[PDB]
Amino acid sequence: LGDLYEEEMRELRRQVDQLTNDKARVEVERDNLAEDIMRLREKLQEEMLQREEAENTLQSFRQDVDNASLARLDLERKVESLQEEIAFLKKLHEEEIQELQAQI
């Protein structure tokens, strides 16, 4: 009867209400994750700039470390060189004077 219409409409008004509360529920979830995603992308755009700057500094600083290391080697050698010269002087001085006990 007129009953089928009321029953087919009881059914529909029910679905529309389910779906309406669900579309509501899911909209809230999305609105939420959309905030998180914004907070995050920023915190990350941030870290990127720090990480990058950090690596850049470390790039031209490797040069400085190399150069300081070599400057210290260039001296460790200048010194060793002076020592071989002094070690020779003495071999020579010492000799250059035995050659005057002959010819006293």
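Only residues modelled in both forms are compared. Superpose the two forms; the largest set of C-alphas matching within 1.5 Å is the rigid core. Numbering follows the first chain given and starts at 1. First, how it differs from the form deposited in another entry.
- When the two forms are overlaid on the rigid core, CA displacement between the two forms of 2 Å or more is confined, within 75, 54, 26, 37, to 26.
- Shifted stretches between the two forms, defined as 3+ consecutive common residues each with a CA displacement of 2 angstroms or more after rigid core fitting, are listed in sequence order as 16 to 29, 84 to 98.
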Given for the second form:
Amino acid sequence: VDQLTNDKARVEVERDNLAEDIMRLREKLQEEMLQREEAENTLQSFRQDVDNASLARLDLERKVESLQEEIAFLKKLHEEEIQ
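Would you mind giving the form deposited in another entry, to go alongside the form deposited in one PDB entry above?
What comes next is one chain alone, with no partners or other molecules.
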């Protein structure tokens, strides 16, 4: 009457193999997570870099204009007054 010895062995084999595939995908998944987590950090550092670059490039543009004004005045001074 009783009969479950060969069936539970089949379930065990199919379970083992399915577990192995789930295992590999999990390990790959964890690997991608750490990678994209460090990528997020590198992303932050990049964002902080471009803004500071935008600040210093602004200070340069303003000082360049200052040089342009002072030169234009040097040009409207010694060349066209009395002579």
